[PDB]
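Just below is one structure, and these are the notes that go with it.
A single protein chain has been omitted from the complex, and every remaining protein chain is retained in its original position.
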Amino acid sequence: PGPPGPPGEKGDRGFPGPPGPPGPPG
Amino acid sequence: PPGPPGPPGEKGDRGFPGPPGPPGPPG
Partner (left out) sequence: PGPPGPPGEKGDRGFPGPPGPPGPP
C-alpha cells in the first residue's frame, strides 16, 4: 500500500478572548 | 500512491482574557 497523505490544512484562528475582570471597587 | 490530505486542524484556543477594568471612582 501507498504512503500516508500530506498534512491537513491548518485550523482556523481562535475567537478573541473575553473581557477582562471587572475593575476593583472604588 | 499517497493517500489524501489529512483533516483540517482544530480551531485555535480562545484568546486570553483582557486586563482588569479600571477601578471605580473614589466617589
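Here the chain labels run A and B in written order, and each chain numbers its own residues starting at 1.
Definition applied: a contact is a pair of C-beta atoms (placed from the backbone, for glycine too) under 8 Å apart; a residue touches a chain by one contact, two chains touch by 3 or more.
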Worksheet, complete the sentence: Those residues of chain B that touch the unshown chain are 1-27
Fill in: Absent-chain interface as seen on chain A, which is shown
1-26
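We adopt the following convention: only the chains that are shown with their structure count from here on.
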Worksheet item: When the C-alpha atoms of chain A and chain B are each averaged to a single point, how far apart are the two points in Å?
Response: 4
